[PDB]
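Please build the complete structure, drawing on both the sequences and the hints.
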Amino acid sequence: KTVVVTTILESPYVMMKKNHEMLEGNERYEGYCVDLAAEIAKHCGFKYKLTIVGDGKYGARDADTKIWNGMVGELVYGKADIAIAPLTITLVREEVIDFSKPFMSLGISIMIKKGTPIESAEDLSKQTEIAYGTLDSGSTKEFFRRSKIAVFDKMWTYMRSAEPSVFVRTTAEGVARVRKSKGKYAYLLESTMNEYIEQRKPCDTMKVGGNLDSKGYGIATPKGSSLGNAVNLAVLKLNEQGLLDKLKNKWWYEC
Amino acid sequence: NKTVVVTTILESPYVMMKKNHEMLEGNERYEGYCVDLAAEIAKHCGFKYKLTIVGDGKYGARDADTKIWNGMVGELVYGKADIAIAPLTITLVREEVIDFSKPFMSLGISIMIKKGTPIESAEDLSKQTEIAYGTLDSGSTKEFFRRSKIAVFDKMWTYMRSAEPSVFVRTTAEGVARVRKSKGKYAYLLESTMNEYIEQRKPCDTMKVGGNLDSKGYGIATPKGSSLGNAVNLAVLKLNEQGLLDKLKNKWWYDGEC
Ligand SMILES: N[C@@H](Cc1c(O)noc1-c1nnn(Cc2ccccc2)n1)C(=O)O
Ligand SMILES: N[C@@H](CCC(=O)O)C(=O)O
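Protein chains in written order, with the numbering used here: chain A, 539 to 793; chain B, 872 to 1129.
The set of hints was computed from the structure by calculation and includes no laboratory data.
A couple of the hints might just be wrong.
Below, computed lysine-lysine pairings styled on DSSO-like, alpha-carbon distance capped at 27 Å [unchecked claim]:
1) B:1120 - A:686
2) B:998 - A:788
3) B:1079 - A:784
4) B:1056 - B:1026
5) A:692 - B:1118
6) B:1020 - A:580
7) A:745 - B:1120
8) B:1079 - B:986
9) B:1026 - B:921
10) A:555 - A:788
11) A:664 - B:1120
12) A:761 - B:1109
13) B:1026 - A:775
14) B:1026 - A:786
15) B:873 - B:919
16) A:692 - B:919
17) B:1118 - A:679
Only some residues are given here: those of chain A computed to face chain B with a beta carbon under 7 Å [unchecked claim]:
18) 588
19) 589
20) 639
21) 752
22) 780
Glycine residues also receive a C-beta, built at the ideal position from the N, C-alpha and C atoms.
Spelled out as structure tokens, the structure:
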């Protein structure tokens, strides 16, 4: 009956509307993914329930318990029927779930507090005074972990052992750390967020250099899911009619 | 174990004739981005393959009259080719009849002009008629403008479909030659990938202006219900994550006559 949608609370994808306290159900939320979910549901003709992933994670497989967490986990163990959020299409995930073609293209990038003397990944790698890290249980950490590229390889050996920990549990925590570390902390995140934050007060962060790779976000469903193929056609249609660019301009519409 | 028939297309730097092709046989006649990818794909998946240039030299579209598919898409649809490894754009009409792996390259529609031409964006193009402009036939780009309800693009399509002489070209090479020979009176709408490649080729007289009109990607394609599909998709994502696809792009794109 009601499709259970798992998504994550990350502006401008999903955020609490003002005065949400007296609101109920899906009306409590607004954002890029909120509108996209509505679109998908409208064209596919089904009711749905937005639910914030319990642990607030994107999705990774515990190196020990070998159990998947985050939104990926919700789909794998059957808690959600579909994930509609900025979930990165990767090999280890495609091995356990299905993704539609990307509804957004992006790449890993570098966020620094304005004034920080670093222009690129090469810059970060050769020094240590300026610390840097990424999010836990995400596609960025994994990217560096599996990279054999000298540049990105060096960076990993540095992060994997840095103390105190350069890793963060949430993205909002990685941004907050840059803003508060007087230039001693650079953050590695996806271009999408780096751009969003650069146009926000106190307008003290910025993206430097080009992206380190080219990937995309896809709508995810349990492996061999029935809704899968239909959702993919729906998404390609929305993109081709220019609605997805419209949504992007709307939510990425200080500094 | 059977030799996999791979349909591809002659579009530099994806698939090009090697300098000594006249005295060479089969796959050794070609070189390029896609030739290298086909090799990488074939290696990991463990199978032998035969590169075959698509007979009509087209990408793929369904005929408005006969309703028959042509190009590489046609090769897959009618069972002539087992797989397509080329810069084939992932699109709705195609996904309806064939399968695509996830993108091995990202791009968007762009504007190529003869340097010095007074045009900076699609909006500029649509607001005048002194400078003609068109696109490639039987491809995703022409279909984009035909189905766009966006003011600018809609207006651009209204002009193009009725222009005289025709503003459409059969191959990308033809589009580039027209830009170069028309003294600035013709602008060509094509995918950023090809536009940036040409910008680095002699006589270095063309250039991309404005930003992409959309965002999409190229994907390896297989017939619907193909056992190769899923496996090749994972193989491509792997190559992508290891950076092999970016190194491959550098090689054939920037490793540059300008
Ligand atoms: N998407 C990654 C997570 C992930 C990761 O590993 N490193 O960085 C991110 C990331 N950064 N931003 N976003 C999403 C975003 C939020 C708000 C505005 C713009 C974009 N995700 C994953 O699926 O693991
Ligand atoms: N990539 C396009 C061809 C080039 C173009 O249409 O500009 C296709 O697959 O049809």
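Against the structure, the hints come out as follows:
no. : hint            : verdict
1   : B:1120 - A:686  : holds, 18 Å
2   : B:998 - A:788   : holds, 26 Å
3   : B:1079 - A:784  : holds, 24 Å
4   : B:1056 - B:1026 : holds, 19 Å
5   : A:692 - B:1118  : holds, 18 Å
6   : B:1020 - A:580  : holds, 20 Å
7   : A:745 - B:1120  : holds, 24 Å
8   : B:1079 - B:986  : holds, 9 Å
9   : B:1026 - B:921  : violated, 43 Å
10  : A:555 - A:788   : holds, 16 Å
11  : A:664 - B:1120  : holds, 26 Å
12  : A:761 - B:1109  : holds, 19 Å
13  : B:1026 - A:775  : holds, 21 Å
14  : B:1026 - A:786  : holds, 23 Å
15  : B:873 - B:919   : holds, 7 Å
16  : A:692 - B:919   : violated, 37 Å
17  : B:1118 - A:679  : holds, 21 Å
18  : 588             : violated, 26 Å
19  : 589             : violated, 27 Å
20  : 639             : holds, 6 Å
21  : 752             : holds, 5 Å
22  : 780             : holds, 5 Å
When held up to the earlier numbered hints, the structure conflicts with 9, 16, 18 and 19 and fits the remainder.
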